[PDB]
Amino acid sequence: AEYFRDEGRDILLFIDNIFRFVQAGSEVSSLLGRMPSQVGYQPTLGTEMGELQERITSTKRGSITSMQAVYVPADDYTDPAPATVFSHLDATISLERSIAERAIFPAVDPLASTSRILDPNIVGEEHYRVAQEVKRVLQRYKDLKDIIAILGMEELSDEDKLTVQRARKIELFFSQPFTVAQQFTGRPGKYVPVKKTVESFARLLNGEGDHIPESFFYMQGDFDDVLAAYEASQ
Amino acid sequence: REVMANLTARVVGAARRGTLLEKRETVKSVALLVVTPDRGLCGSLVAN
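Just so you know, the sequences run in chain order F and G. Counting along the first sequence from 1, when you hit position 9 you're at 245 in PDB author numbering, and nothing is skipped either side. Counting along the second sequence from 1, when you hit position 47 you're at 96 in PDB author numbering, and nothing is skipped either side.
No incorrect hints appear here.
Computed list of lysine to any residue pairs in SDA-like fashion (alpha-carbon distance at most 25 Å, straight line):
id	chain 1	residue 1	chain 2	residue 2
1	F	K397	G	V83
2	F	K432	F	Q368
3	F	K381	G	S93
4	F	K397	F	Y466
5	F	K381	G	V95
6	F	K378	G	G89
7	F	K397	G	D87
8	F	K381	G	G92
For the record, the hints were derived by calculation from the structure and aren't laboratory data.
The task is simple: from the sequences and hints, build the whole structure.
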């Protein structure tokens, strides 16, 4: 890919399981007799990760638009491999098993996913405000998970109840069918532009769609699809 | 309650019943006595 970047051609780079790259290094180091570090990993983990990742950079001659995957052993995000990857990224997207087990197949945790370009100068003022509000909601939800778990929904205040309802609606709404998921899911794929996503979430945060039951936000596109499904259900 | 039953069975006169027993036709003003638990943790009752 560096040859194409050096000549000016834009490159889309898709590496799969950078972890597997690190695990192999670990096995090679174990066979090489090096002194093991942390959970059996190689002593030269950071240097190997740097040597691989610093080559994945957009330079002044060309740009590499790199998308990587990382496998977390078990479900431990504190494992040395993902912990080393985290500092080598502009955008991080954290998929959680708990979200996935809720049939939310995108499975992305909004609170554990960040990006450097989520900047009002770069992405737009409305997009930035909508994203920050969609995080402040679901942060109020994460702060109240135990109270809902033990005492129940009733003990919360009225505005807290509203924020929790909107947060659960947002969790359902982040779900989205994929065109490549037709093999095991019957939902047709949906492509939601960034403008439509921002508008849908801004409308959801304003209050439009409060009357809609949460189940209608599951496996939908923009807010218009949810409204159409609600009207179909009457 | 059966005292109410017996007495109302008599004195049926609307003018006689003009005192409280009377039914205001306009019903312009109404009042609601709401008895709500004083401390929460009650569950969904306080809200219901």
